[PDB]
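Student: For reference, the chains in residue letters:
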Amino acid sequence: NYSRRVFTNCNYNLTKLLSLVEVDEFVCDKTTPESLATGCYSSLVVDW
Amino acid sequence: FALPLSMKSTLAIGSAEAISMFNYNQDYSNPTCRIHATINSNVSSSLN
Ligand SMILES: *[C@@H]1O[C@H](CO)[C@@H](O[C@@H]2O[C@H](CO)[C@@H](O[C@@H]3O[C@H](CO)[C@@H](O)[C@H](O)[C@@H]3O)[C@H](O)[C@H]2NC(C)=O)[C@H](O)[C@H]1NC(C)=O
Ligand SMILES: CCCCC/C=C\C/C=C\CCCCCCCC(=O)O
Ligand SMILES: *[C@@H]1O[C@H](CO)[C@@H](O)[C@H](O)[C@H]1NC(C)=O
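Protein sequence lines, in the order shown, are assigned to chains A and C.
Just so you know, the first sequence maps onto residues 387 to 434 in the deposited numbering.
Just so you know, the second sequence maps onto residues 435 to 482 in the deposited numbering.
In short, the hints are calculated from the structure, not lab data.
Do not take every clue at face value.
As the list claims (entries may be wrong) - Now the in silico label distances, taken between C-beta atoms and shown as ranges:
(1) A/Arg391 / C/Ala436: 36 to 46 Å
(2) C/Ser479 / A/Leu400: 19 to 29 Å
(3) C/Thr472 / A/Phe393: 33 to 43 Å
(4) C/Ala436 / A/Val407: 19 to 29 Å
The beta-carbon is built from N, C-alpha and C at its ideal position, and this holds for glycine as well.
Bound-form chain A, shown alone:
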């Protein structure tokens, strides 16, 4: 039973979030974590 949130019309601080998380592995294509910290995208859907 995993939670899902959708964030639209929003702004966020990457340094605030990454100060609390020790990332061990990221895998993805069509985008990069550097791109998510620089570019602007239409919507953001997060599952955790």
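Since the structure of chain A is provided, determine the placement of chain C with the ligands on it from the hints.
Tutor: Only chain C with the ligands this time, still in chain A's reference frame:
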């Protein structure tokens, strides 16, 4: 340089942490090979 294996994904391409931004940033225009090696204690005490 020295870096723990718990943050081996920090040097992965596309990462957005502070190491890949302000510290050593890898150049990928030439054939590289990043190696994460662990030097054991006995051979480390042998060669100072
Ligand atoms: C969220 O992002 C903002 C920037 O987009 C980060 O803001 C900066 O935070 C540091 C402290 O974490 C601030 O430093 C402080 O500055 C005052 C200025 O006089 C100084 O007196 C203090 O001793 C301290 O050094 C810095 O000013 C601030 N920059 C801004 C607001 O433009 C913030 O760190 C990020 N959030 C987290 C949780 O890291
Ligand atoms: C790790 C953060 C967890 C929560 C993130 C959720 C929402 C924020 C949305 C976009 C920011 C992109 C995350 C940056 C990934 C860093 C990967 C790494 O440093 O290797
Ligand atoms: C599933 O998660 C939602 C989100 O908080 C919660 O409201 C719900 O009670 C959960 N259901 C369970 C634990 O059976």
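Student: Identify every previously stated hint that the structure contradicts and give their numbers, smallest first.
Tutor: Hint check: 2 fails alone, others pass.
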